[PDB]
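Asker: So you can see what is in the structure, the chains are spelled out below.
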Amino acid sequence: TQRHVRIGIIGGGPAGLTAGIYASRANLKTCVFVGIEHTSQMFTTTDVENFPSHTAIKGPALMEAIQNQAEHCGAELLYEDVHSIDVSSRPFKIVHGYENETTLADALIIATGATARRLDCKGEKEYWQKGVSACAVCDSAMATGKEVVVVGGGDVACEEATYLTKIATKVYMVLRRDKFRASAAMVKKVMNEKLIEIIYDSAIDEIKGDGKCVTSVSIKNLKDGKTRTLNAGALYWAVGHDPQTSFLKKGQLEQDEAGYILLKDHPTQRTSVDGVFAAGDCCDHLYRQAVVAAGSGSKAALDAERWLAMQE
Amino acid sequence: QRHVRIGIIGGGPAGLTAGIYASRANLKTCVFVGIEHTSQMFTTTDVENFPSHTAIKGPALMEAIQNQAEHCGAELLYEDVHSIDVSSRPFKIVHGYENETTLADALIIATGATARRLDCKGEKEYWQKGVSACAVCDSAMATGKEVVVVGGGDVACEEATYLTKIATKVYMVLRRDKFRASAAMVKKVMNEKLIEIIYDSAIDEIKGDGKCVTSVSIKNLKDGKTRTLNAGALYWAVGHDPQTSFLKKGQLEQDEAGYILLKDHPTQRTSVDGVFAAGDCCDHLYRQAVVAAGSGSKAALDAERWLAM
Ligand SMILES: Cc1cc2nc3c(=O)[nH]c(=O)nc-3n(C[C@H](O)[C@H](O)[C@H](O)COP(=O)(O)OP(=O)(O)OC[C@H]3O[C@@H](n4cnc5c(N)ncnc54)[C@H](O)[C@@H]3O)c2cc1C
Ligand SMILES: Cc1cc2nc3c(=O)[nH]c(=O)nc-3n(C[C@H](O)[C@H](O)[C@H](O)COP(=O)(O)OP(=O)(O)OC[C@H]3O[C@@H](n4cnc5c(N)ncnc54)[C@H](O)[C@@H]3O)c2cc1C
Ligand code: NA
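Note that the protein sequences, when read in sequence, are chains A and B.
Counting from 1 along the first sequence, just add 2 to a position and that's the residue number in full-length UniProt numbering.
Counting from 1 along the second sequence, just add 3 to a position and that's the residue number in full-length UniProt numbering.
These are calculated hints, taken from the structure and not from any lab test.
Backbone N, C-alpha and C fix where the C-beta goes; we use that ideal spot for every residue, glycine too.
Take every hint as true, because none was put in to throw you off.
Heads up, simulated DSS-like pairs for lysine-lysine below, C-alpha to C-alpha not over 30 Å straight-line:
{"no.": "1", "chain 1": "B", "residue 1": "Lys196", "chain 2": "B", "residue 2": "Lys132"}
{"no.": "2", "chain 1": "B", "residue 1": "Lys266", "chain 2": "B", "residue 2": "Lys31"}
{"no.": "3", "chain 1": "A", "residue 1": "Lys181", "chain 2": "A", "residue 2": "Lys196"}
{"no.": "4", "chain 1": "B", "residue 1": "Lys168", "chain 2": "A", "residue 2": "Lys266"}
{"no.": "5", "chain 1": "B", "residue 1": "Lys266", "chain 2": "A", "residue 2": "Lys168"}
{"no.": "6", "chain 1": "A", "residue 1": "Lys60", "chain 2": "B", "residue 2": "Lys60"}
{"no.": "7", "chain 1": "A", "residue 1": "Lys95", "chain 2": "B", "residue 2": "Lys191"}
Restraint ranges, calculated between C-beta atoms of paired labels, are given here:
{"no.": "8", "chain 1": "A", "residue 1": "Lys60", "chain 2": "B", "residue 2": "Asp49", "range": "22 to 28 Å"}
{"no.": "9", "chain 1": "B", "residue 1": "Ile38", "chain 2": "A", "residue 2": "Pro269", "range": "29 to 35 Å"}
{"no.": "10", "chain 1": "A", "residue 1": "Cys215", "chain 2": "B", "residue 2": "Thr117", "range": "52 to 58 Å"}
{"no.": "11", "chain 1": "B", "residue 1": "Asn29", "chain 2": "A", "residue 2": "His6", "range": "47 to 53 Å"}
{"no.": "12", "chain 1": "B", "residue 1": "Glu259", "chain 2": "A", "residue 2": "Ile59", "range": "39 to 45 Å"}
{"no.": "13", "chain 1": "B", "residue 1": "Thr104", "chain 2": "A", "residue 2": "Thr46", "range": "44 to 50 Å"}
{"no.": "14", "chain 1": "A", "residue 1": "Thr46", "chain 2": "B", "residue 2": "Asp49", "range": "31 to 37 Å"}
{"no.": "15", "chain 1": "B", "residue 1": "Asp267", "chain 2": "A", "residue 2": "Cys215", "range": "35 to 41 Å"}
{"no.": "16", "chain 1": "B", "residue 1": "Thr57", "chain 2": "A", "residue 2": "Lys225", "range": "55 to 61 Å"}
{"no.": "17", "chain 1": "B", "residue 1": "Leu310", "chain 2": "A", "residue 2": "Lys190", "range": "20 to 26 Å"}
{"no.": "18", "chain 1": "A", "residue 1": "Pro269", "chain 2": "B", "residue 2": "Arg178", "range": "29 to 35 Å"}
{"no.": "19", "chain 1": "B", "residue 1": "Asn29", "chain 2": "A", "residue 2": "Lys222", "range": "34 to 40 Å"}
With these hints in hand, go ahead and build the complete structure from the sequences.
Answerer: In structure tokens form, the structure reads like this:
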């Protein structure tokens with residue numbers, strides 16, 4: 003009937019599954035909620051070349067290998083979504099499944115990842131390989147000696163734009179808000195750049211090209227509904243990522259504006275609530291790698307093991 | 004002369020993962036693996052907690068990571084590094100038996116930290132047959148058995164506590180008459196009914212049946228009296244040695260123990276700008292291959308970011 007675990011892990015990605023490995027091997031009863039509506043960012047990627055011990059591996063195959071390992075080590079994998087948690091009382095409560103079952107957990111690890119915010123756009127699909135890019139340093143050959151567009155106002159985008167001033171002749175920053183969701187040091191570097199032109203209250207309407215390269219971009223003001231075109235050799239998407247923390251309530255866990263869970267005792271994975279830990283992309287915007295997420299998972303699980311043990 | 008974009012000192016999980024990330028970023032990169040140093044993963048047999056491998060041998064894992072780094076285009080140099088110049092840029096790495104110098108625009112230190120093993124009768128005989136230095140890593144040797152943990156620090160207290168869930172009984176054997184650990188850990192360990200604490204004693208002899216450890220003999224240091232414990236495993240928890248001797252004290256900020264301090268969490272930044280540290284040479288807390296590899300990636304990304312000046 004009622005499930006009580008020592009460690010409850012919300013997320014079945016690299017961070018979550020790795021956490022499951024360590025928690026289960028500690029001989030602490032452990033379950034991992036993998037999700038059903040949610041999936042790992044790794045399933046969407048085709049070829050993984052930078053995970054240690056694999057020259058090349060498919061994301062789905064990498065994820066299957068790690069899942070099998072978590073099962074073998076004795077973690078219980080549940081293909082169920084978490085709807086809410088309770089952090090006011092211990093044992094912690096986790097509400098999940100189609101019938102809103104409650105699982106009791108003595109410690110929580112949150113590894114719910116993040117999503118891409120993929121733009122349903124005319125030319126986003128057409129020019130994703132060519133012209134449109136998600137990484138400025140990776141596709142900087144497109145920017146060199148050209149006019150360029152960067153989307154979003156945040157740390158990711160603000161650093162992409164300042165970098166592309168070294169290469170691009172002109173950098174256009176398109177924000178969908180009144181101001182930036184970013185640091186005052188980064189806004190000062192951006193707003194004192196002559197090669198940057200900051201466009202506020204705007205969204206990307208269409209990406210135009212010759213079929214090979216992007217030659218112009220169309221923008222429409224949100225309030226106005228008016229659209230204008232900009233000549234550019236490439237569009238650099240840098241909107242940012244959405245941590246999958248919508249199941250959380252305001253004041254449960256300390257978070258930033260974007261919703262990333264904050265880490266309160268570096269280099270540990272401790273959150274603002276004791277016995278609650280966070281790992282992977284849901285608390286890391288800087289790095290965003292499978293091996294990095296996996297590293298956090300291990301750290302979170304070991305943090306939870308030490309914390310639980312001191313409670314006895 | 005060799006000039007690289009990133010210089011990585013160490014060819015373990017952290018070092019090699021940095022090499023992979025830096026090489027794939029199309030940066031000229033070389034990794035100093037060592038001749039008279041080797042990765043600590045070569046000392047262990049069965050790795051069961053590295054993600055994507057249910058069971059893999061330590062050497063086999065390392066070979067797979069090495070080949071990967073080589074394939075991504077990182078130059079693996081099998082040579083020891085004796086010193087570095089960190090006052091000027093490019094940074095200089097002095098390595099090899101002919102004291103060749105290599106220049107690097109960025110540095111990544113990942114020399115790891117060696118777990119101490121103490122010599123006694125049968126220690127080397129039964130290494131990885133019930134004798135180990137990481138309880139988290141080799142808990143398969145402890146399952147359903149009585150075991151020994153040696154040491155009186157925080158690590159010995161953690162490792163013994165971690166083992167009470169796995170083993171039927173834990174013996175903590177202390178050379179001294181007193182712990183050198185936090186008041187919190189000493190209280191926990193002494194109130195744990197599954198632990199017996201032994202003071203003023205050292206490990207006389209590790210005993211087995213040819214396949215596995217089956218008993219550990221303990222000798223008291225004060226009176227010389229011998230005692231024999233019914234232990235099926237022994238765990239060394241008497242400290243780690245960060246492999247940071249090639250540094251001159253003062254060059255980089257460090258612990259008393261010699262761990263390189265990280266100065267801008269959660270990054271891999273050291274006290275000197277342009278120099279990053281990854282893995283167990285800057286981590287005394289977790290000490291896992293997956294954690295180390297994670298930090299290596301973070302270090303290589305910190306370096307690339309820093310190189311966009
Ligand atoms: C296009 C693309 C390509 C990439 N390529 C690479 C690459 O080649 N190499 C690399 O290292 N990294 C790559 N990354 C980054 C990498 O995929 C992520 O950093 C990594 O997957 C993060 O791991 P995670 O465990 O934090 O989250 P994820 O791997 O995304 O896992 C999130 C998990 O949480 C679950 N979840 C979320 N919400 C809930 C809920 N409410 N209830 C239950 N479960 C929930 C999901 O179902 C999922 O199991 C790529 C990312 C993208 C977008
Ligand atoms: C018995 C035992 C079993 C273990 N089992 C596991 C396990 O199953 N799973 C797990 O995750 N972890 C395990 N660990 C922990 C693991 O060994 C470490 O966390 C990991 O090796 C650290 O990786 P690293 O890259 O930081 O350092 P290392 O892997 O130790 O690599 C250090 C590198 O630096 C090089 N180097 C050092 N000094 C110099 C120099 N002066 N010049 C040039 N090169 C140099 C070395 O040759 C080496 O290549 C175990 C440890 C022990 C003792
Ligand atoms: Na269920």
